[PDB]
Amino acid sequence: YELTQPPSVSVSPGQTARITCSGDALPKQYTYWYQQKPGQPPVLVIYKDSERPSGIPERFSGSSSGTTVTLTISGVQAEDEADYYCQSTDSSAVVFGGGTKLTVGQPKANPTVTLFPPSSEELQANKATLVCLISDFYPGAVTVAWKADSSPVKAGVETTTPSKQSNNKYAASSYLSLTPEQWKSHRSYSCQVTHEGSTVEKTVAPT
Amino acid sequence: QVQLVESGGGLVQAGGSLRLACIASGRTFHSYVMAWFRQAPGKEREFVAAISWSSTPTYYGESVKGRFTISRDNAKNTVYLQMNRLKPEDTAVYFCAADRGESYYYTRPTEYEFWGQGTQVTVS
Amino acid sequence: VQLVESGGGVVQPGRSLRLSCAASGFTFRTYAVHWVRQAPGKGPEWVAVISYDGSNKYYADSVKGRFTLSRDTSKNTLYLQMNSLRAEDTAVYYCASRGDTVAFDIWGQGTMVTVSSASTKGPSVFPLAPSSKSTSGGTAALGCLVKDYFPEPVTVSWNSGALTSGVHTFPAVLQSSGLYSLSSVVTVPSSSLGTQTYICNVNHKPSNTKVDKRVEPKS
Amino acid sequence: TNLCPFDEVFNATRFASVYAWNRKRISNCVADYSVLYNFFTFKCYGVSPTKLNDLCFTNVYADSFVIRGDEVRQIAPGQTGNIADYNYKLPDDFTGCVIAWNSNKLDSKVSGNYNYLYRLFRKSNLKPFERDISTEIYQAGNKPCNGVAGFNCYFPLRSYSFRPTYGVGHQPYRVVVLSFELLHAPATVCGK
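Residue numbers (the entry's author numbering), protein chains in the order written: chain L, 2 to 94, 100 to 110, 112 to 214; chain F, 1 to 124; chain H, 2 to 103, 108 to 224; chain E, 333 to 370, 374 to 527.
Treat the hints as calculated values from the structure; they're not laboratory data.
One should not assume that every hint holds.
Straight-line distance between alpha carbons at most 20 Å, and here's what the computed EDC-like set of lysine to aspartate or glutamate pairs gives [as the list claims (entries may be wrong)]: (1) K209/L to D156/L; (2) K527/E to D405/E; (3) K478/E to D62/H; (4) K478/E to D91/L; (5) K138/H to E128/L; (6) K210/H to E157/H; (7) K478/E to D153/H; (8) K215/H to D143/L; (9) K107/L to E129/L; (10) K458/E to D101/H; (11) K43/H to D84/L; (12) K215/H to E3/L; (13) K223/H to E129/L; (14) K43/H to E3/L; (15) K38/L to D153/H; (16) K29/L to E52/L; (17) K138/H to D62/H; (18) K215/H to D153/H.
Generate coordinates for the entire structure from the input sequences, incorporating the hints supplied.
Dropping the structure here:
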């Protein structure tokens, strides 16, 4: 049994943040919400769907509607930026959602994407690594998909978490490992980076 | 929960008499110490009289001792206050009160759980 | 209420580890104690619980017969003996008390347990050959791939510290092999590719590896 | 000519928690009821105080504990509530007196006196004079707790956290309940 929450939500200061958590057992199971800031243990912020622990700011509230529960932060403050986890149980013989990063400062910015092919010397070493470098994106969440010619490729992909840059935008990198024979046998490979519902694609080809 | 209702109050001439009565709900009246308090305007509730379960310790406030007689009829769930030789200073709201316990501090209002709404006695 | 975890670190697969939680600010001799973990990128997972006297213990099927929970009420400390640790056990482990209102009450800051094995290894260094970055801007991106090293970190400079503007060294990826890779890129004028030499200087002190890779504009 | 040990009960430096209320058995002694019974909450039931010096009893039980001010009204026959049902119950035909006084200067600490405890949950009500010191995890749901503090499985005891800044309804009150027993046996506790 699983609880589903979005990987990321962003809001401007003063707006109302909403984070949802869905699960088939939620109708007759209580939900709980935890806040976690870097380096710290989680902190309970809502319990039993909608009750607030006595030390938590009253701008935190919770609500239930069947198979979805919502954590609402009204008049959101910079200090509310954190990871939030929902938690419940299965309806048989404890489960946490996967977490939502809530970001609470500048215009949205699409990623710059640079894709590099394997070098001749790596091919000589009987290896091949394609390198997709992703920078200057904001908010700080992307998904990466790779293609061999037109076909999706999932094996051999390693992608970093996004990390904040000195300009408050974000960077990430994705690596595709191939054999030299795979690299040479396709017409091209592509890295496709999706940000805020829009995709940026770069393609490289063997020499 | 016990309910208490006073009757027998009203206007009377100085030197006159009145019998206040107070009737309780329930079938365990015998288990209650019964008391009378009164309250003149601007003053606190002042202890008047109390009677134990057996009738056998009776108690009186200083200023009514000798003039007032408290008695109980368990068969009628009723406590009585015979007030003789009434003086203008006896004018007040008279409250019936009841408790399971007999207090060493029998004059304290806080020692009685149950209170009537009270009835006006006026002496002219 | 204070919960201080310890005993977290590196451990190779098949080995054992013992965590410890040091409770303070409540009669730890009457309350029940929890262990919760959270693997990287995953959700919360309840591990085990113990009663007030240590007599009754309950685990999760993912850890049954492989973990053991105990306590020492004299020392006010909670234990979790983790035998035969797999890579799935790599997580941030929290201890938790017992306080609700009508089961979670208070969580510790958590210690991290890393189940790995990989050994020290110097990087291979490959060129990321110049590629058009901004056509309108007249720039190119070129770089070095610093591949298959362990442990972190590596230091990268360009032209022995003479080239500092336009440098972006990306955080490393941890590959399924247990080795790291990173990339460092410099954005330069495209017109400079035939005339200026670009060399990345890579230092991986744990392996005593210090190499310089010239990144030529060629395939 | 032993004298009854009332000083040891009223003037004890430390009182027991209400859930683990203490009882002192007093027998075969002379008592100065009238001299020791003259800001105290004093309620007697089934017996008059001015008559205790004239009566002999088989045994006199001295129960002492600490509750908060708003709960003193429960230490009485025919009362309901957390203290009466789950901590210290007096029978409906109770024969004795209850004594209580504000002990805010003795049992309240600035940082909170969490030493005094009370029972919050229990499956059934206490019988008269029943003392339950069990601290088993209370099952409020269907699943067996097995000594696990979790959902619908809570610890049955809580703290009073007596602080001097609280109101009178939350200030500590030391309670002494004297039971006057007269079964068969010989009557040995005679007042004088």
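Give me the numbers of the hints this structure contradicts, sorted from smallest to largest. 2, 5, 7, 8, 9, 12, 15 and 17
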